[PDB]
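Trainee: Each chain, written out:
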Amino acid sequence: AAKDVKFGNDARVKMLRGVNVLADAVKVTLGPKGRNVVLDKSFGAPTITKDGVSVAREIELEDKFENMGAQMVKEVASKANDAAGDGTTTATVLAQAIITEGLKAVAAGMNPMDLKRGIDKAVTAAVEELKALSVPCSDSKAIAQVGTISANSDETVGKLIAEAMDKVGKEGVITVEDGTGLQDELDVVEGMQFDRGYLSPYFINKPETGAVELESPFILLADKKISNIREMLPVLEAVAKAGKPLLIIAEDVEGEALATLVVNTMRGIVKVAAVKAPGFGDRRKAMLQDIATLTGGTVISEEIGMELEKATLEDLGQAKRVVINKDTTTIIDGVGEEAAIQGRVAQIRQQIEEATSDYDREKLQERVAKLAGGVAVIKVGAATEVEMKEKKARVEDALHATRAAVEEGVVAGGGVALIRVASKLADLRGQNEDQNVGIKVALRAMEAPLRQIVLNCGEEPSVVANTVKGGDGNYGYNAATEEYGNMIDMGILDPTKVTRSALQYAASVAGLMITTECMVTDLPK
Amino acid sequence: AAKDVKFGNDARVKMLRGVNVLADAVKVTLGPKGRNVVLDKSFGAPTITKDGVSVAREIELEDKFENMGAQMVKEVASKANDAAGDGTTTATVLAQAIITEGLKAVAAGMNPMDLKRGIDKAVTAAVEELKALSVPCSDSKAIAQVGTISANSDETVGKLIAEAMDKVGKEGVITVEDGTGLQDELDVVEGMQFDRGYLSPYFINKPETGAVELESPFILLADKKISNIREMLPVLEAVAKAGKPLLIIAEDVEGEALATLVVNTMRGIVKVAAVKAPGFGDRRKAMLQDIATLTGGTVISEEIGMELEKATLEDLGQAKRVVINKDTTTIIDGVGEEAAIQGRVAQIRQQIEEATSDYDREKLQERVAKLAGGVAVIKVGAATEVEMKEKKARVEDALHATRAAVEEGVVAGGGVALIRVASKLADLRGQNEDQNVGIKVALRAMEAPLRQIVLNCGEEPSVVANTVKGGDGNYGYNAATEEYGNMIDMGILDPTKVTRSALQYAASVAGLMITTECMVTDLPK
Amino acid sequence: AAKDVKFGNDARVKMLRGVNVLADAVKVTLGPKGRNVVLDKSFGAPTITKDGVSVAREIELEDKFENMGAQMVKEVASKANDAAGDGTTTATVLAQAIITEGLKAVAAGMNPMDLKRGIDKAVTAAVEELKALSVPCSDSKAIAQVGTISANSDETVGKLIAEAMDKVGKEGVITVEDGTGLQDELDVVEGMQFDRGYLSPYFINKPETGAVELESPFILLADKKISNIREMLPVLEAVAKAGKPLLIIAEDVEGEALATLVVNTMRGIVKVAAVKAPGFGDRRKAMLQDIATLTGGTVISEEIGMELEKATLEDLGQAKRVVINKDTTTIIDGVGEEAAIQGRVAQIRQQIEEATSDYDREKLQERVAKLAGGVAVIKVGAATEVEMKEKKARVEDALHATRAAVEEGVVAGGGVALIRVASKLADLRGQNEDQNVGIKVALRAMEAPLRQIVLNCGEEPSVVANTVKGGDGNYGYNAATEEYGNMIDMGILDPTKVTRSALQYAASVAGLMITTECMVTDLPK
Amino acid sequence: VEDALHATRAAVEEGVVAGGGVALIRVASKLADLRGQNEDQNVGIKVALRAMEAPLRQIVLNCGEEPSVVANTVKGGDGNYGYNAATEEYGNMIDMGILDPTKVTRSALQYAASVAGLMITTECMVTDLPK
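Protein chains in written order, with the deposited numbering: chain I, 2 to 526; chain J, 2 to 526; chain E, 2 to 526; chain H, 396 to 526.
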């Protein structure tokens, strides 16, 4: 269709103006004195929230260009939350900061490409500085403390998480379900988790988790791309009968079929969700079979001449629960026989000896790790349905937080880590003045989150930033008690992974925008 | 879709303006000299009313932002009426008062959060003050007086409610029905009531009480979530035959199945209603059985390997009447055998002995209380249908009132309670000057209802407020006779609960609005 | 009257916008391939010119703010020409460049004051570098060469000027007037020149040179301030009679007296010009006497009790000619008798002996130098009045050029000296990054003249500039034989004084505009 | 791999020349004395040769340098030699990994000239009325 094409400065302010709507909507929730944002619904009462992700999801602008700007930042910023369970909002305020200052500089006549490299150099430098600043999280005592802090000072949640990690390990898979009647339960079941998410958002039935959740579903394992729902029909009806949901795990699900599934499940005609099979090539077929033995199903491959039209429930695998993320599928309690599973583990353990290269060793060990490791299951108990559901939510949060803590440690929260790291890179330089300006841009931008938090608290950003800049390490002033001491000790911390992700991703999109000359979109009519 | 986003001061005026349209419409009916509001109906003559609830129900504004404002207070204020049977209007005027002053303070540059915390502190104090000010309503002589006062001086209503409460206990379940023909009738039948409401406002066949009413229905007890209407069919065809209505009580009823029930019932193709089973986890499966025993039905659990396709009318439970609210299901006169039920009570009472915890004892007693407790049924007689229907309403209202009186007592009406309580908190202070301003805002707002009542009466609010502030205890201003004196004795009272609720809910919404920085809504298309 | 007030950025763009009309109008004439500017006359045939100064005179913009910008640059830049006989256009283009880049910098958030400091530091350095680059004009051979070059390669003009400077010394006063008919004449006559200019532009009757030129005028010497034309009348009727023009040298000429004089001379009722008497305090009374002696006039001192009403034509001084600049008055061929003048000189020489202070001695020495030295008078011959007037004009300009050359030397022309000097200061830095940007702003601007010249010649500016930067000393870009080489020998030069002035004034106004935050002007009424 | 493949295929077919758009300028600088049958054709010739500079100029413009300056520098050298578009070392562009398959530069030139030539000789255009 006829397009609207904008260039240079004209195009850049549009994008900027766009990111401003987004950032300004979202940053008011930042910090403990976060304000509320009211999101209108069709009919009924509007939603009042302090959750920046909820807010971002809703943002879409009328001016197509401003919209593109908002959608760009929205996209990359969401990745931070995906990776570490937080920092989306931070990433957003940061992205705003970099883009504003960067465009100022572009307008002053500085080179966009050099500005970008300067900003990037600053960020890599900052990530290193962040690792040095980081305090490790290894013994289960520390795991419990982090879990507790993320859980709103609840010892119970920390203990729970600690206990579970104690069961399956730091690298283990931990899941959360409704409790059966007050008093928590922990149990390790047969289960697995592979890095593939939903083939489409429409499949989501947990808009809170942004996830798909299926109970006691059947699992179709097909080694081939499924493009047409013609082959699906017989197995779809067998699942419509017995009224259970269905997880399809194929090489891929495309076109006719994917669309048809997205519609049918979204009209209540059988709950279905599809995900690509993990990995690619040979190891993909291997892992498909792994999933087959584990769920007690039969992998239907065209290679040996099997056909989907010729498949009954019996070929289908089975599990107590499956949960699907944007990039993660996790199978909980497969119906597979102890003999079958342990026998498959045995086989895999034979190939590792008869192996050759190191790569082949790692890969095989990853497979048994999945197989033999299992899945910890935390059922949260709590006296009331309401409290139970709530405590369940806080456990989920504390969980992602703790996992991220375990991976890369913790640093001072309240936005001070980004400020300390920045104060340390004052002498950092690049190849020419432009790159140097790029660097200052980024280091100044790293102050945005703290400043906004302070602003929201009704204090003077400059003064607080100064106070913070004066000290060192994770040492600070506890706003709640105004006591000086170690921020981590006083419970004001962030998983190093969240701060890092936020910074890098913010820098990524802001860099891109700063280096954009042209925008093309459809015509407003 | 493309959104319209408003910020800070801009959003807040819009919200204000919107709660102003709402409050101004409802607050004219406050007190004894309340005015009429005329609500148009598309077909026929308009409705003239003085009921703040009916008026509020109709308010929806064209401006999307202003509208969100109104819908917000509309919602929480509504909850006040739902909790204590009155005070929605009061809640609305209070909210208006708090919001108006609060936004004035925000505009002056004071911190919204500190304003909120000050408001809350004042309210917290006021509620305690309200507890002290409160006079208990315990002996049935008192119960009768309150009911009598709520019924417009109708002593017969007081007596009826007093008798009904003595039959089933203060905490018992009491219901109101049409008369057989003059001379009321009272009788205790097998029955039960759990706190779960309609899974949809479309199951409602009694739009005035906003309730579902099924007479001689079958009760399906299914321990599991019902998502697809395919399993229902065999049992649904058996109930279409025998031409009796159907109550489905499951773990939940979702999408396909629920939408199909909502449609088929709204088309007279068989009357049906669905509610979640009470509670969760184990105790939920236990209570489902309690209901089974009570109604002479069979719990259909997939767990034990039972199927809905194979369930017959014989498995269905039965009762003379069930009534469903927004959050209550009450079963009246179940076909349960007076031996089955007694046995069930017996087994449970034995479990109370084997009980290893206090919690377990309390929770099991609730079950015996429900089963063994039963249900009082008051049938209002009156000589001609019209009179009967009017008195039935008065009995229903007075009943709800009297319940609230029994729980937290009663306090001075006519808005004087709030004013008395505010005058006692003159020395209340916060952590900084802003919080002190927040407290003053709340205490000043507590005068709003009285002032409005007085305004509606055509007197000078300041003068009356002033004199009242001068008094002590439950001494106040009788708006109907223009006479000052002891309010409770003069029969001008409110259940402590309604005053408390209205205050709390108003303060709640008011805090949210005061601390709102952003609003996102659709574009006016 | 009610004003229109503009602040910050908004004000700055108006100013810039304004200087841009002036600069763009003026700069097209720069260089040897300068284009024509057509300036419309009162009404007659338009005037076509390549003289940037003429063009500048004519520029006045409708918009009050824009006009203010342009007038400010006109004013500061005009001084360059006043001082060194060239450089105004250059100053203007330099001013445009500095203001342009400076304002970009201010908008990007840099501190105007630090930018100004930087610009100034760069200019200070550049001046020194310019002195270092400069070649002396000391021997009369070089004096003649410069004269010849500035007179379009006319050896005659060079010879003539050299002869003149030889008679009165290089610091002597040299005058040029109409020749008596082919064959030049050079004679030294009794005369003087002091540092006071016309008290009003309206006095100018030679717009070409922006000078007042009086023939056989009478000279009124009044040791007092003349504010009212009532005391003038008697002297003015005498001068009105006799029918010769009038020069007034008083302590000052203000108000009614000045106003009236300006009107009258602009209405042919006696040609009159007024200047402040030279110096101040006591030495002013002394010099007034010097002039008196020289012109055979009599000082009219109120101190001694003399009155202007009693002043006669005989009290008045006389000379064959007087010429008045913006800041110079030069009396040519006084009538005073040699005996008198000589006696005066004797007196001063003796006071020079008696002088008890270096200062006093110096001042006295300055005075005898003026009286005893006289004035050189070049009469330019030609054969045909037309060639005569033209040559006379060339001699005036060349004269001014060589004067400046004699003072501070010559540097490479065509804008190369400025670029050269700029390339030498690459490492120049200030106290902070803002100052540093100020410096670069200045250094880039120093290229503007040459680049503009190249531009007018239809070449790529950047290429030529880059080349010139590659070379050393007085190597650069020619346009007559179009080939790079040695500028001085090749006869492409500028007096160091014009280059220095052009740069310094340009920097001055630019600094001032860059540091402007507020502008006040009348409403367009 | 797919990209490198097409590239190498093209390399094998017709060889490689200096990349960065310099090949075009060199080629252009060699045709300074090239003439046609009349002044108009000669102008056509200049238009084309001047045009052959557009890519470098743009490339340089994108790098934030002065297109005229680099073009000038490039015009001064010969063969596949010159300006190092990353390390400022002089040498053979092909060896320093700065190349384009001769096929790609030639194609771009011929196709460009083709369409431009058609448009330059266009006198009339016919299209639908905006509905």
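Be careful, since some hints might not be right.
In silico DSS-like cross-links for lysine-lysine, where the CA-CA straight-line distance does not exceed 25 Å [unchecked claim]: (1) E:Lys-122 <-> E:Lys-207; (2) H:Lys-425 <-> H:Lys-441; (3) I:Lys-390 <-> J:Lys-311; (4) I:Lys-80 <-> I:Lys-245; (5) J:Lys-364 <-> I:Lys-390; (6) E:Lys-380 <-> E:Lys-364; (7) I:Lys-4 <-> J:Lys-526; (8) I:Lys-245 <-> J:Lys-225; (9) I:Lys-321 <-> J:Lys-286; (10) I:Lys-393 <-> I:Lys-321; (11) I:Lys-42 <-> J:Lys-364; (12) E:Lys-207 <-> E:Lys-80; (13) J:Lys-226 <-> J:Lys-311; (14) I:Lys-393 <-> J:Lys-171; (15) I:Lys-380 <-> J:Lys-526.
Here are a few chain I residues that sit away from chain E, every Cβ distance over 12 Å (derived from the structure) [claimed, not checked]: (16) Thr-48; (17) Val-54; (18) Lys-168.
Pair by pair, the computed Cβ-Cβ distance ranges are [what the hints assert, rightly or not]: (19) H:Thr-497 <-> E:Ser-55: 51 to 61 Å; (20) I:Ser-217 <-> J:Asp-140: 22 to 32 Å; (21) I:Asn-487 <-> H:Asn-479: 26 to 36 Å; (22) H:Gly-439 <-> E:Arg-445: 38 to 48 Å; (23) E:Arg-445 <-> H:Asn-479: 18 to 28 Å; (24) I:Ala-384 <-> J:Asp-140: 50 to 60 Å; (25) H:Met-520 <-> E:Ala-427: 48 to 58 Å; (26) H:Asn-479 <-> I:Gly-459: 52 to 62 Å; (27) H:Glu-397 <-> E:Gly-474: 39 to 49 Å; (28) I:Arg-362 <-> H:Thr-497: 23 to 33 Å.
Hints listed in this document are in silico derivations from the structure and should not be mistaken for laboratory results.
Note that CB positions come from ideal geometry on N, CA and C, so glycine has one too.
Trainee: Sort out whether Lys-225 of chain J lies within 25 Å of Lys-245 of chain I, counting only the CA atoms.
Mentor: The hint holds at about 12 Å.
Trainee: Checking one constraint from the list: CA of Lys-425 of chain H to CA of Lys-441 of chain H, max 25 Å. Satisfied?
Mentor: holds (12 Å)
Trainee: Regarding the assertion that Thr-48 of chain I does not contact chain E, is the least Cβ-Cβ distance greater than 12 Å?
Mentor: holds (39 Å)
Trainee: Quick one, are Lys-207 of chain E and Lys-80 of chain E close enough, alpha carbons at most 25 Å?
Mentor: holds (18 Å)
Trainee: Between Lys-226 of chain J and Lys-311 of chain J, does the CA-CA distance stay at or below 25 Å?
Mentor: holds (17 Å)
Trainee: For the pair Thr-497 of chain H and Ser-55 of chain E, does the Cβ-Cβ distance stay inside 51 to 61 Å?
Mentor: holds (59 Å)
Trainee: Is 39 to 49 Å right for how far apart the beta carbons of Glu-397 of chain H and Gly-474 of chain E are?
Mentor: With Cβ atoms ~58 Å apart, the hint is violated.
Trainee: So if I understand the rule, the pair passes when the alpha-carbon distance is 25 Å or less; does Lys-321 of chain I with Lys-286 of chain J pass?
Mentor: Roughly 19 Å between the alpha carbons, so the hint for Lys-321 of chain I and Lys-286 of chain J holds.
Trainee: Does the Cβ-Cβ separation between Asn-479 of chain H and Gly-459 of chain I fall within 52 to 62 Å?
Mentor: Given range 52 to 62 Å: holds, Cβ gap about 57 Å.
Trainee: Does the structure keep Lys-80 of chain I and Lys-245 of chain I at a Cα separation of 25 Å or less?
Mentor: violated (32 Å)
Trainee: Determine whether the Cβ-Cβ distance between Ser-217 of chain I and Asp-140 of chain J falls within the hinted range of 22 to 32 Å.
Mentor: violated (55 Å)
Trainee: Is the Cα-Cα distance between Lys-122 of chain E and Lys-207 of chain E 25 Å or less?
Mentor: violated (39 Å)
When each numbered hint is compared with the structure, violations occur for hints 1, 3, 4, 6, 11, 14, 15, 20, 21, 24, 27 and 28.
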